[PDB]
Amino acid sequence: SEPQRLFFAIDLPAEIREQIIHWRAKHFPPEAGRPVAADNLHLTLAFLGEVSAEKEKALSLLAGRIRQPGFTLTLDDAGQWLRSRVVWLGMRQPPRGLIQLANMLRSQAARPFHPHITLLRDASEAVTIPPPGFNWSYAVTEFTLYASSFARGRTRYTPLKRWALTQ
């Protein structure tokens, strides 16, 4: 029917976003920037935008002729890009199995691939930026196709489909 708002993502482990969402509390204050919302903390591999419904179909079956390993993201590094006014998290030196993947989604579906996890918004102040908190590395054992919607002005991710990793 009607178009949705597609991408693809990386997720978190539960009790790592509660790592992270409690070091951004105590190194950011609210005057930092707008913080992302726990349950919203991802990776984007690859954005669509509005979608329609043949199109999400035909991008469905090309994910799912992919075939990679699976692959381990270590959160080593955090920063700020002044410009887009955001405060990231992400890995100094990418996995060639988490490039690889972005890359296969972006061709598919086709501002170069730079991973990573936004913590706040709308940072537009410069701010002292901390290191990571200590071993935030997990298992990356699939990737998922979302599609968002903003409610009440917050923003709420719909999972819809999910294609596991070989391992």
Second form
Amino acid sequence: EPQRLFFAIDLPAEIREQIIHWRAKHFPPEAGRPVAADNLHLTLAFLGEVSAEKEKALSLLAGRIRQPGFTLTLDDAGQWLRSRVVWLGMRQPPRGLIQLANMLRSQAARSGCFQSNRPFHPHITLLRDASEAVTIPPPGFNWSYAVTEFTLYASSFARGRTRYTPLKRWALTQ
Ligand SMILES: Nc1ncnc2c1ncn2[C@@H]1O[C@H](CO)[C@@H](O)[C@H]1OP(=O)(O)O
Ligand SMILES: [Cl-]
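For the form deposited with adenosine-2'-monophosphate (2AM) bound instead of the form solved without adenosine-2'-monophosphate (2AM), what are the coordinates?
All chains and molecules follow, beginning with the one already shown.
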């Protein structure tokens, strides 16, 4: 049974709450469609439609990953007009995050998944279908936290909402 799958880093609740609070303050309803608080995340690699056999194999390669934890500090925000999103990010992403993503991306490639075709730009999407350009303030203060694991999610749309179901999790620092 095929699924739309992706690996992602998650956000502690305290920070998810600070973000949606910041967003509501600086972005009115007309600015775009706001991502649900529980759906806020940072994608490491989008795998697309994947069979069970390939999910198994990918899940195993991910299990072979051996990488220390690292810290994320969200100091950057912006807007991609072509994609029509407003995103949260980082000016200088930690190497550990880049390592983790490229490795997962290379495992996806060798597994026969369809690649980004674009460089990896780590980001958390806040607003979707934000067509028109709007002024982007800096993020809030001290949105910094420790990354202890990564998660394989399944993407599902149902009942007029997008849902992310966790399938498996992997701790870092082994
Ligand atoms: N072709 C694609 N179809 C669906 N999601 C994709 C995708 N390519 C990348 N993604 C990412 O997969 C995640 C879940 O769908 C999203 O965070 C999305 O990134 P985005 O937030 O920048 O849009
Ligand atoms: Cl959403």
